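Taking the form deposited in one PDB entry, here's one chain by itself in C-alpha coordinates.
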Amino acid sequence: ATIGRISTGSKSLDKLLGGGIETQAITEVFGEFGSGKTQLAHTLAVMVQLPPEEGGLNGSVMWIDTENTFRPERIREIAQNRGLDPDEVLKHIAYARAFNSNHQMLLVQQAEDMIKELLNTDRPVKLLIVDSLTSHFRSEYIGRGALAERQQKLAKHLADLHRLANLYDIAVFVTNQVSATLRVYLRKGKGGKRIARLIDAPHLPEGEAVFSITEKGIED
(Lines of atoms letter the chains of each structure in order from A and count residues from 1; the text may use other names and numbers.)
(Lines give C-alpha, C1' and ligand atoms only; values in the text may rest on other atoms or scores of the structure.)
Protein backbone atom coordinates (compact mmCIF):
# COMPACT_ATOMS: atom_id res chain seq x y z
CA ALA A 1 0.00 0.00 0.00
CA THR A 2 1.02 3.61 -0.62
CA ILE A 3 2.36 5.23 2.54
CA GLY A 4 -0.26 7.38 4.23
CA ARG A 5 0.48 10.38 6.43
CA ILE A 6 -1.31 11.74 9.48
CA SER A 7 -1.12 15.48 10.13
CA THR A 8 0.31 16.44 13.52
CA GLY A 9 -1.92 19.54 13.58
CA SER A 10 1.17 21.71 12.94
CA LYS A 11 1.97 22.79 9.38
CA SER A 12 5.57 23.48 10.40
CA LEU A 13 5.99 20.06 11.99
CA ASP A 14 4.25 18.35 9.06
CA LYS A 15 6.66 20.06 6.66
CA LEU A 16 9.65 18.79 8.65
CA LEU A 17 8.22 15.29 8.58
CA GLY A 18 7.47 15.32 4.84
CA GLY A 19 3.71 15.74 5.31
CA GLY A 20 2.94 14.11 8.65
CA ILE A 21 3.73 10.85 10.45
CA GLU A 22 3.95 7.84 8.13
CA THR A 23 2.10 4.56 8.05
CA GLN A 24 4.43 1.55 7.68
CA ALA A 25 6.84 3.34 10.01
CA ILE A 26 7.61 3.89 13.67
CA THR A 27 7.93 7.55 14.67
CA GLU A 28 9.77 7.91 17.98
CA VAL A 29 9.42 11.21 19.82
CA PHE A 30 11.80 12.09 22.67
CA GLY A 31 11.36 14.80 25.23
CA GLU A 32 11.57 15.80 28.86
CA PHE A 33 8.52 16.28 31.01
CA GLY A 34 6.31 18.94 29.43
CA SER A 35 8.06 18.75 26.04
CA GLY A 36 4.80 18.13 24.17
CA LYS A 37 5.29 14.48 23.22
CA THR A 38 2.15 13.23 24.93
CA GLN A 39 0.21 16.29 23.66
CA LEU A 40 1.32 15.30 20.17
CA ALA A 41 0.13 11.78 20.89
CA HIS A 42 -3.31 13.05 21.93
CA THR A 43 -3.53 15.30 18.84
CA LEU A 44 -2.61 12.48 16.45
CA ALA A 45 -5.29 10.23 18.01
CA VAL A 46 -7.82 12.84 16.91
CA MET A 47 -6.31 13.87 13.57
CA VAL A 48 -6.13 10.31 12.25
CA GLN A 49 -9.90 10.02 12.49
CA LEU A 50 -10.40 12.82 9.95
CA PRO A 51 -10.62 12.31 6.18
CA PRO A 52 -7.42 12.80 4.10
CA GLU A 53 -8.47 16.28 2.91
CA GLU A 54 -8.43 17.24 6.58
CA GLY A 55 -5.15 15.44 7.37
CA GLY A 56 -6.36 12.07 8.63
CA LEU A 57 -6.82 8.55 7.31
CA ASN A 58 -10.38 7.79 8.38
CA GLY A 59 -8.88 5.47 10.98
CA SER A 60 -9.26 4.05 14.46
CA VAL A 61 -6.60 4.18 17.17
CA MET A 62 -5.06 1.75 19.62
CA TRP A 63 -3.31 3.30 22.63
CA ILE A 64 -0.98 1.53 25.06
CA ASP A 65 -0.34 3.60 28.18
CA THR A 66 2.58 2.72 30.49
CA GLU A 67 2.48 5.56 33.05
CA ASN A 68 -1.10 6.82 33.15
CA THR A 69 -0.63 9.76 30.81
CA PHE A 70 -3.71 9.26 28.60
CA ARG A 71 -6.37 11.89 29.31
CA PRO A 72 -9.81 11.21 27.81
CA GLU A 73 -10.83 14.77 28.73
CA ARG A 74 -7.99 16.10 26.60
CA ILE A 75 -9.17 13.99 23.66
CA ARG A 76 -12.66 15.45 24.07
CA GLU A 77 -11.28 18.96 24.20
CA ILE A 78 -9.11 18.54 21.11
CA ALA A 79 -12.02 16.91 19.26
CA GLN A 80 -14.48 19.69 20.16
CA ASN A 81 -12.12 22.54 19.29
CA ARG A 82 -11.59 20.85 15.92
CA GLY A 83 -15.32 20.73 15.19
CA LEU A 84 -15.53 17.01 15.93
CA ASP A 85 -17.84 14.99 18.19
CA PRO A 86 -15.88 14.24 21.38
CA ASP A 87 -17.89 11.10 22.17
CA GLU A 88 -17.35 9.52 18.75
CA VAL A 89 -13.65 10.40 18.76
CA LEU A 90 -13.16 8.72 22.16
CA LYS A 91 -15.08 5.60 21.07
CA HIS A 92 -12.59 4.95 18.31
CA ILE A 93 -9.57 4.97 20.62
CA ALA A 94 -9.05 1.49 22.04
CA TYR A 95 -7.23 1.87 25.34
CA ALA A 96 -4.94 -0.52 27.18
CA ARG A 97 -2.90 0.07 30.31
CA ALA A 98 0.41 -1.80 30.37
CA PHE A 99 1.37 -2.73 33.94
CA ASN A 100 4.93 -3.88 33.21
CA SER A 101 7.28 -4.56 30.31
CA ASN A 102 6.11 -8.12 29.69
CA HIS A 103 2.50 -7.03 29.67
CA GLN A 104 3.43 -4.19 27.31
CA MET A 105 4.95 -6.66 24.84
CA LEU A 106 1.94 -8.96 25.21
CA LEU A 107 -0.44 -6.09 24.47
CA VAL A 108 1.30 -5.40 21.16
CA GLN A 109 1.04 -9.08 20.27
CA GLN A 110 -2.65 -9.14 21.23
CA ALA A 111 -3.45 -5.94 19.32
CA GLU A 112 -3.16 -7.81 16.02
CA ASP A 113 -6.57 -9.40 16.69
CA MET A 114 -8.35 -6.03 16.76
CA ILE A 115 -6.30 -4.84 13.79
CA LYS A 116 -7.47 -7.86 11.80
CA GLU A 117 -11.08 -7.30 12.88
CA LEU A 118 -11.08 -3.68 11.75
CA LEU A 119 -8.90 -4.13 8.66
CA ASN A 120 -11.55 -4.20 5.97
CA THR A 121 -14.08 -1.98 7.72
CA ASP A 122 -14.93 1.74 7.54
CA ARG A 123 -12.48 2.49 10.39
CA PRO A 124 -9.34 0.34 10.11
CA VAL A 125 -6.67 0.86 12.78
CA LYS A 126 -4.37 3.52 11.36
CA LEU A 127 -2.51 4.65 14.50
CA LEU A 128 -0.95 2.59 17.28
CA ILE A 129 0.51 4.58 20.16
CA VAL A 130 2.90 3.32 22.82
CA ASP A 131 3.38 6.03 25.46
CA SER A 132 5.92 5.34 26.52
CA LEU A 133 8.19 2.86 24.80
CA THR A 134 10.77 2.47 27.56
CA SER A 135 9.47 3.48 30.99
CA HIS A 136 8.87 -0.10 32.15
CA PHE A 137 12.09 -1.40 30.62
CA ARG A 138 14.08 1.35 32.34
CA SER A 139 12.34 0.65 35.65
CA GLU A 140 12.71 -3.13 35.55
CA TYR A 141 16.12 -3.80 34.04
CA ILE A 142 18.61 -2.03 36.33
CA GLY A 143 22.39 -1.92 36.00
CA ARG A 144 24.75 -3.75 33.67
CA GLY A 145 23.71 -7.30 34.55
CA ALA A 146 20.33 -6.40 33.09
CA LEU A 147 21.27 -4.45 29.96
CA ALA A 148 21.59 -7.47 27.66
CA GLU A 149 18.09 -8.75 28.32
CA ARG A 150 16.67 -5.21 28.30
CA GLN A 151 18.09 -4.53 24.84
CA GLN A 152 16.96 -7.95 23.57
CA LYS A 153 13.39 -7.53 24.81
CA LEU A 154 13.16 -3.95 23.54
CA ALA A 155 14.50 -5.06 20.16
CA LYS A 156 11.85 -7.78 19.97
CA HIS A 157 9.17 -5.26 20.99
CA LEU A 158 10.21 -2.83 18.27
CA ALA A 159 10.27 -5.68 15.74
CA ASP A 160 6.68 -6.64 16.67
CA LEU A 161 5.65 -2.99 16.23
CA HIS A 162 7.39 -2.68 12.83
CA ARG A 163 5.65 -5.81 11.66
CA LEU A 164 2.20 -4.50 12.53
CA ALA A 165 3.03 -1.15 10.92
CA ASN A 166 4.21 -2.74 7.66
CA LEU A 167 1.73 -5.61 7.39
CA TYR A 168 -1.39 -3.61 8.20
CA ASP A 169 -0.44 -0.13 6.95
CA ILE A 170 -0.47 1.50 10.39
CA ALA A 171 1.46 4.51 11.69
CA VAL A 172 3.14 3.53 14.93
CA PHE A 173 3.92 6.43 17.25
CA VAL A 174 5.97 5.94 20.40
CA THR A 175 7.34 8.28 23.04
CA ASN A 176 10.70 8.02 24.76
CA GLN A 177 13.22 9.97 26.81
CA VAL A 178 16.98 10.30 26.35
CA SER A 179 15.91 2.94 11.06
CA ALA A 180 14.58 1.39 13.03
CA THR A 181 12.61 4.52 13.90
CA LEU A 182 12.19 8.10 12.71
CA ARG A 183 13.53 10.07 15.66
CA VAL A 184 12.17 13.46 16.63
CA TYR A 185 13.47 15.38 19.67
CA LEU A 186 11.27 17.92 21.43
CA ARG A 187 12.50 20.77 23.57
CA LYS A 188 11.29 24.03 25.10
CA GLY A 189 11.50 27.03 22.82
CA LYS A 190 10.87 30.67 23.60
CA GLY A 191 7.64 32.01 25.11
CA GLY A 192 6.08 28.64 25.80
CA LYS A 193 6.51 27.40 22.23
CA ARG A 194 8.01 23.98 21.55
CA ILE A 195 10.70 22.98 19.09
CA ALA A 196 10.94 19.67 17.25
CA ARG A 197 14.24 18.55 15.73
CA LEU A 198 14.41 15.68 13.26
CA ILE A 199 17.65 13.71 13.55
CA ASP A 200 19.25 10.95 11.48
CA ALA A 201 16.39 10.49 9.03
CA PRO A 202 17.65 8.41 6.06
CA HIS A 203 15.58 10.28 3.49
CA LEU A 204 14.45 13.56 5.08
CA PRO A 205 16.81 16.44 5.83
CA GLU A 206 17.45 17.28 9.44
CA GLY A 207 15.70 20.44 10.51
CA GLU A 208 13.58 22.07 13.17
CA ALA A 209 9.94 23.09 13.48
CA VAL A 210 8.47 25.44 16.05
CA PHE A 211 4.96 24.67 17.22
CA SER A 212 2.40 25.60 19.87
CA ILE A 213 0.19 23.71 22.31
CA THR A 214 -3.39 24.98 22.30
CA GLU A 215 -6.96 23.86 22.95
CA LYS A 216 -6.70 22.19 19.54
CA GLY A 217 -3.68 20.25 20.78
CA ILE A 218 -0.68 20.81 18.52
CA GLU A 219 -0.64 23.53 15.86
CA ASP A 220 1.72 26.22 14.56
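Rigid core here is just the name for the largest C-alpha set that superposes within 1.5 Å across the two forms. Residue numbers count along the first chain shown, from 1. What changes on going to the form deposited in another entry:
Fitting the two forms on the rigid core leaves the C-alpha of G19 displaced by under 2 angstroms between the two forms.
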Contents of the next structure:
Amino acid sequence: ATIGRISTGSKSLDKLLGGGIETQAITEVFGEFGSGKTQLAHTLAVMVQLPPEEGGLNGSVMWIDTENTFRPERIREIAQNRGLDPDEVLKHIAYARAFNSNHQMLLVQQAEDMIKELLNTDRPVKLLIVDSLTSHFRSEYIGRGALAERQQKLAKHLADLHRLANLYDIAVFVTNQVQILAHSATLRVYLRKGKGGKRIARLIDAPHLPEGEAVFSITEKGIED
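Compare with the form deposited in one PDB entry: the form deposited in another entry:
There are no partners or other molecules in what follows, just the one chain.
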Protein backbone atom coordinates (compact mmCIF):
# COMPACT_ATOMS: atom_id res chain seq x y z
CA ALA A 1 0.00 0.00 0.00
CA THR A 2 1.26 3.48 -0.85
CA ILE A 3 3.27 5.30 1.75
CA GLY A 4 2.32 8.69 3.13
CA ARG A 5 4.64 11.60 3.88
CA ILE A 6 4.32 14.02 6.86
CA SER A 7 5.83 17.43 6.39
CA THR A 8 8.08 18.64 9.16
CA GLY A 9 7.28 22.31 8.62
CA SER A 10 10.75 23.03 7.16
CA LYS A 11 11.08 23.00 3.36
CA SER A 12 14.75 22.27 3.76
CA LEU A 13 14.24 19.27 6.05
CA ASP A 14 11.36 18.06 3.88
CA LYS A 15 13.60 18.12 0.82
CA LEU A 16 16.29 16.16 2.68
CA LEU A 17 13.55 13.63 3.56
CA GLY A 18 12.08 13.33 0.06
CA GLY A 19 8.91 15.15 1.10
CA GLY A 20 8.60 14.37 4.78
CA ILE A 21 8.83 11.47 7.20
CA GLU A 22 7.38 8.29 5.79
CA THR A 23 4.69 5.95 6.93
CA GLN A 24 5.64 2.26 6.93
CA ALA A 25 9.01 3.35 8.32
CA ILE A 26 10.80 4.11 11.55
CA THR A 27 12.65 7.42 11.42
CA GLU A 28 15.21 7.83 14.17
CA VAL A 29 16.50 11.29 15.04
CA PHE A 30 19.68 11.22 17.10
CA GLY A 31 21.96 13.83 18.54
CA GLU A 32 23.14 15.47 21.73
CA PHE A 33 20.95 16.85 24.48
CA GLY A 34 19.38 20.11 23.26
CA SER A 35 19.63 19.31 19.56
CA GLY A 36 15.88 19.67 18.97
CA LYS A 37 14.75 16.03 18.75
CA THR A 38 11.75 16.55 21.02
CA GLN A 39 10.88 19.83 19.25
CA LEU A 40 10.64 17.90 15.98
CA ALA A 41 8.42 15.32 17.69
CA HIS A 42 6.05 18.04 18.97
CA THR A 43 5.99 19.64 15.52
CA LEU A 44 5.19 16.35 13.76
CA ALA A 45 2.40 15.62 16.26
CA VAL A 46 0.65 18.77 14.93
CA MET A 47 1.67 18.51 11.25
CA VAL A 48 0.30 14.99 10.84
CA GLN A 49 -3.18 16.26 11.80
CA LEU A 50 -3.28 18.64 8.79
CA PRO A 51 -5.04 17.52 5.60
CA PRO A 52 -2.78 16.00 2.89
CA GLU A 53 -2.68 19.09 0.68
CA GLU A 54 -1.15 20.90 3.67
CA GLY A 55 1.44 18.17 4.31
CA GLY A 56 -0.42 16.08 6.88
CA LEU A 57 -2.30 12.80 6.82
CA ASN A 58 -5.51 13.81 8.66
CA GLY A 59 -4.11 11.60 11.34
CA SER A 60 -4.19 10.86 15.02
CA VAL A 61 -1.08 10.51 17.18
CA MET A 62 0.15 8.11 19.84
CA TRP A 63 3.05 9.22 22.04
CA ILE A 64 5.17 7.11 24.42
CA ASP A 65 7.25 9.35 26.70
CA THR A 66 10.16 8.09 28.78
CA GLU A 67 11.60 11.41 30.04
CA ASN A 68 8.51 13.49 30.96
CA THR A 69 9.33 15.79 28.06
CA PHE A 70 5.92 15.95 26.36
CA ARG A 71 4.56 19.48 26.75
CA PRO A 72 0.89 20.02 25.97
CA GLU A 73 1.52 23.77 26.08
CA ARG A 74 4.02 23.42 23.24
CA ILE A 75 1.46 21.53 21.15
CA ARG A 76 -1.00 24.31 21.93
CA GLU A 77 1.45 26.97 20.75
CA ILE A 78 2.33 25.18 17.49
CA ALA A 79 -1.30 24.44 16.70
CA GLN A 80 -2.54 28.00 17.34
CA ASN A 81 0.23 29.54 15.29
CA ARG A 82 -0.69 27.26 12.37
CA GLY A 83 -4.39 28.19 12.36
CA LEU A 84 -5.57 25.11 14.28
CA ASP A 85 -7.65 24.65 17.40
CA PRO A 86 -5.23 23.71 20.17
CA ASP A 87 -7.76 21.67 22.14
CA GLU A 88 -8.77 19.61 19.11
CA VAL A 89 -5.14 19.00 18.18
CA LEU A 90 -4.47 17.84 21.77
CA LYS A 91 -7.56 15.62 21.69
CA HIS A 92 -6.05 13.61 18.83
CA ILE A 93 -2.88 12.84 20.75
CA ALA A 94 -3.02 9.72 22.92
CA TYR A 95 -0.25 9.82 25.49
CA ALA A 96 1.42 7.34 27.84
CA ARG A 97 4.46 7.51 30.06
CA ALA A 98 6.65 4.42 30.03
CA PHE A 99 7.87 3.56 33.52
CA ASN A 100 10.75 1.34 32.42
CA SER A 101 11.91 -0.45 29.26
CA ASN A 102 9.68 -3.46 29.85
CA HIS A 103 6.61 -1.23 30.20
CA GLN A 104 7.78 0.69 27.12
CA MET A 105 7.77 -2.59 25.21
CA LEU A 106 4.31 -3.56 26.49
CA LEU A 107 2.96 -0.09 25.56
CA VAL A 108 3.57 -0.96 21.90
CA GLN A 109 1.10 -3.85 22.27
CA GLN A 110 -1.28 -1.61 24.15
CA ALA A 111 -1.05 0.91 21.31
CA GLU A 112 -2.29 -1.60 18.76
CA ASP A 113 -5.74 -1.58 20.36
CA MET A 114 -6.32 2.12 19.66
CA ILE A 115 -4.72 1.81 16.23
CA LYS A 116 -7.27 -0.87 15.36
CA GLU A 117 -10.12 1.17 16.86
CA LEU A 118 -9.31 4.27 14.80
CA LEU A 119 -8.22 2.55 11.59
CA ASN A 120 -11.29 2.96 9.43
CA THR A 121 -12.40 6.34 11.01
CA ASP A 122 -11.54 9.68 9.41
CA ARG A 123 -8.57 10.26 11.74
CA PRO A 124 -6.64 6.93 11.86
CA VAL A 125 -3.42 6.83 13.80
CA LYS A 126 -0.70 8.04 11.43
CA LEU A 127 2.15 8.92 13.83
CA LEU A 128 3.62 6.96 16.74
CA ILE A 129 6.32 8.76 18.72
CA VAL A 130 8.73 7.07 21.13
CA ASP A 131 10.74 9.75 22.96
CA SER A 132 13.24 8.50 24.15
CA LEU A 133 13.61 5.17 22.39
CA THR A 134 16.78 4.33 24.25
CA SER A 135 16.91 6.15 27.63
CA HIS A 136 15.43 3.32 29.72
CA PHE A 137 17.51 0.71 27.89
CA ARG A 138 20.65 2.71 28.62
CA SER A 139 19.94 2.96 32.35
CA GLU A 140 18.79 -0.67 32.81
CA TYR A 141 21.17 -2.68 30.61
CA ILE A 142 24.60 -1.57 31.65
CA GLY A 143 27.97 -3.18 32.39
CA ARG A 144 29.62 -6.40 31.29
CA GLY A 145 27.24 -8.44 29.11
CA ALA A 146 24.86 -5.57 28.58
CA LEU A 147 25.79 -4.62 25.03
CA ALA A 148 24.48 -7.89 23.60
CA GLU A 149 21.43 -8.04 25.85
CA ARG A 150 20.47 -4.43 25.32
CA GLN A 151 20.88 -4.69 21.57
CA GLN A 152 18.71 -7.79 21.48
CA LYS A 153 15.89 -6.19 23.51
CA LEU A 154 16.05 -2.98 21.53
CA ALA A 155 15.97 -4.87 18.22
CA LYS A 156 12.85 -6.74 19.39
CA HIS A 157 11.18 -3.47 20.43
CA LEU A 158 12.04 -1.97 17.03
CA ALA A 159 10.68 -5.08 15.29
CA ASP A 160 7.37 -4.55 17.14
CA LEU A 161 7.40 -0.91 16.04
CA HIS A 162 8.18 -1.86 12.42
CA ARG A 163 5.21 -4.24 12.48
CA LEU A 164 2.88 -1.44 13.56
CA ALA A 165 4.32 0.96 10.99
CA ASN A 166 3.96 -1.54 8.19
CA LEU A 167 0.73 -3.28 9.12
CA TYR A 168 -1.24 -0.10 9.86
CA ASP A 169 0.46 2.46 7.58
CA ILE A 170 1.91 4.58 10.38
CA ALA A 171 5.00 6.78 10.59
CA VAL A 172 7.03 5.80 13.64
CA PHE A 173 9.30 8.60 14.89
CA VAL A 174 11.84 7.84 17.61
CA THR A 175 14.51 9.84 19.41
CA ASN A 176 17.95 8.79 20.66
CA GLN A 177 20.35 10.89 22.69
CA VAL A 178 23.93 10.39 21.49
CA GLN A 179 27.08 11.94 22.87
CA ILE A 180 29.78 1.20 16.79
CA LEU A 181 26.33 -0.22 17.63
CA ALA A 182 23.92 -1.69 15.13
CA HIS A 183 20.69 0.21 14.47
CA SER A 184 17.50 -1.09 12.82
CA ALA A 185 15.50 2.08 12.19
CA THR A 186 14.58 2.63 8.53
CA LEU A 187 16.17 6.07 8.34
CA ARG A 188 18.57 7.79 10.74
CA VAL A 189 18.78 11.58 10.91
CA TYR A 190 21.62 13.24 12.82
CA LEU A 191 20.55 16.51 14.41
CA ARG A 192 22.81 19.14 15.95
CA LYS A 193 22.53 22.65 17.33
CA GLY A 194 24.93 24.95 15.48
CA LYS A 195 25.95 28.60 15.32
CA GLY A 196 23.18 31.05 16.19
CA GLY A 197 21.04 28.19 17.49
CA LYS A 198 20.11 27.04 13.99
CA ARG A 199 19.44 23.30 13.89
CA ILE A 200 21.20 21.23 11.24
CA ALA A 201 20.10 17.79 10.00
CA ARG A 202 22.02 15.22 7.99
CA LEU A 203 20.99 11.74 6.78
CA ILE A 204 23.24 8.97 8.00
CA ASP A 205 24.16 5.89 6.02
CA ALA A 206 21.67 6.71 3.25
CA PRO A 207 23.90 6.91 0.11
CA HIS A 208 21.00 7.08 -2.37
CA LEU A 209 19.14 9.83 -0.55
CA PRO A 210 20.08 13.52 -0.54
CA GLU A 211 23.55 14.36 0.45
CA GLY A 212 23.52 17.77 1.98
CA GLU A 213 22.26 19.21 5.17
CA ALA A 214 18.97 20.81 6.07
CA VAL A 215 18.90 23.84 8.35
CA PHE A 216 15.87 25.04 10.29
CA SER A 217 14.81 27.14 13.26
CA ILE A 218 12.77 26.34 16.33
CA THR A 219 9.87 28.81 16.33
CA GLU A 220 6.33 29.36 17.61
CA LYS A 221 5.17 27.29 14.58
CA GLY A 222 7.34 24.33 15.67
CA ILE A 223 10.10 24.44 13.07
CA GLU A 224 10.48 26.64 10.01
CA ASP A 225 13.12 27.48 7.51
